[PDB]
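Have a look below at one chain only, the form deposited in one PDB entry, in C-alpha cells format.
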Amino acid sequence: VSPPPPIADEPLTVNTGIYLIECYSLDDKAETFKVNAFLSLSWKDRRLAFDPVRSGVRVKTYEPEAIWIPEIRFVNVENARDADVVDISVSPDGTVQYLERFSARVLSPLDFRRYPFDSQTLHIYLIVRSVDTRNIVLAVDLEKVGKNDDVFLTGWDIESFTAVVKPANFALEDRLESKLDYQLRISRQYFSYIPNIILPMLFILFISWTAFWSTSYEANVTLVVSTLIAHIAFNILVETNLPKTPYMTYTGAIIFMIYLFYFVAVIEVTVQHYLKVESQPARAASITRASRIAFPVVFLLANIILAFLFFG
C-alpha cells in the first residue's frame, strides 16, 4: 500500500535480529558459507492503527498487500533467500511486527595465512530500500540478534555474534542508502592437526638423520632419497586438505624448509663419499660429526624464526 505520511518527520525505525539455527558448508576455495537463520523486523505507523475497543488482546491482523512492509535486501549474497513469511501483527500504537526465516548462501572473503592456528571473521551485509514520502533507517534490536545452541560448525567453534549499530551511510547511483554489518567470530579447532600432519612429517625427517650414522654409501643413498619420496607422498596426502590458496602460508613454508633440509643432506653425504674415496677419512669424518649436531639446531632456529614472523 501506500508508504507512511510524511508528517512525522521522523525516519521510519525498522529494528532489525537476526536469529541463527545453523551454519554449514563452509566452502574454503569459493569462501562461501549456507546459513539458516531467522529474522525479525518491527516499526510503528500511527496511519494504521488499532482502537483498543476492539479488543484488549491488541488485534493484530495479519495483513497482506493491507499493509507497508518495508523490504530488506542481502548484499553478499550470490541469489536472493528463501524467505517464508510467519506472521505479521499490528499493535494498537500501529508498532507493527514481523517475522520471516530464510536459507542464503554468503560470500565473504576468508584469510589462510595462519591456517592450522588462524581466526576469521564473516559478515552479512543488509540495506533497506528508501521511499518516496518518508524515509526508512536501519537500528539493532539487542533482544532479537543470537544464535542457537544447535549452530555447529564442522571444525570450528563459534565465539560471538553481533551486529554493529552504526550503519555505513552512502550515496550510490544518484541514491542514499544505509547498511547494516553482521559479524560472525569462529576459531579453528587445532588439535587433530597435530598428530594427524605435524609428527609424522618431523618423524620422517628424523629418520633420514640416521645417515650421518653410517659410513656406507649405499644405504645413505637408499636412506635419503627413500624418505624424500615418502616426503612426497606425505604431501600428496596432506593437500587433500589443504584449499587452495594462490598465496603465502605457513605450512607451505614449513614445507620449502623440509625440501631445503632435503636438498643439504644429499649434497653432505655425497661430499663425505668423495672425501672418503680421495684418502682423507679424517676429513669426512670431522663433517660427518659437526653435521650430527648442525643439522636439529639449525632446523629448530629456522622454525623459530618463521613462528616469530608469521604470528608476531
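By rigid core we mean the largest C-alpha set that fits within 1.5 Å across both forms. Positions refer to the first chain, counted from 1. What changes on going to the form deposited in another entry:
- The residue among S119, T133, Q189, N148 whose Cα moves by 2 angstroms or more between the two forms, once the core is superposed, is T133.
- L242 is among the residues whose C-alpha shifts by 2 Å or more between the two forms once the rigid core is aligned.
- If you fit the rigid core between the two forms, you'll see the Cα of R283 move by less than 2 angstroms.
- Annotation for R54: C-alpha shift of 2 angstroms or more between the two forms, rigid core superposed.
Could the form deposited in another entry be given as well, to go with the form deposited in one PDB entry?
A single chain, with no partners or molecules, comes next.
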C-alpha cells in the first residue's frame, strides 16, 4: 500500500517482542545455533481506523496482502526466516496487532577461554530500514519478551532472556536504520567433566609418578613411557570437543604442563641411572628422595597459579 501520512511528522514506532519456544543445535565449531519462537508487531495506522459501533464488530481481521507491513529482518542469519503468519487484528482506534512464527539459524561469537566453566551471551539483532517517505523506529514491549518453560538445551542452563530497549540508530548506505538487541545468557554444566576428564588424567599422572620409589631402570622406563602413551590416547579422547581459538585456554595450558612434567620425569630417571652406573649411589638416592617431594608440590603450585590467573 504505502506508509501512513505524517499526522504529526513524527517517526513511526513499532513495538516488538520474541517469545522463545525452543532452542537447539548449538554448534560450537561453527558458532551457529537455531531458534523457533514468535514475533509480535504492534504499530499504529490511522488509515485502517473504523467505527466499531456502526460495524458492530469488536475487531475485524484483514489480509496480509491487503495492508502494509513494515519489513523486519535479522542481521546475523545465514538465510531468511520462515515466516508463518498466524493472526492479524485491527483495533478500532488504529493500532494493529500482528503475530507470526518463525525459525532461523543465528551466528554469534563464543569465548572458550574458561572452557569447562564459561558463560556465553547469545545475541539476536532486529533491524528495520527507514524509507524515504517515513521514518520508522523500533521499540521493546516487555509484556511479550519471554521464554517458554519447556525450552531445553543440552548441556546448558538458560538463565535469562532480555532485550535492550535502547536502539543504535546509525546510518548505513545513506539511510537511517535502527537496531534492537536480544541477549540470552547461558551457563555450561560442568558435572560430567570431573569424573570423565579430570580425575582419570590425575590418576594416570600419579601412576607415572611411582617411578621414584624404584631402582630398576627397565621398569621405570616402561612405566613412564607407557603412561605417556596413555596420556596421548586420552588427549585423543578429549580432542573431540575443543575448537580452535587464537588465545590460550585453560585445558591447553594444563595439557602442556602435563607434557612438561613427563619430560622432566624422563630427564630425572635418566640422570639417576647415569649417576648409579658411574659409582655414585648416594647422590642418586638424594636426588630421587628430593624429587619425590618436589614434584607434587610444584604441580599443585602451578595449578593454583594458573587458576588464579585464568579465573581472576
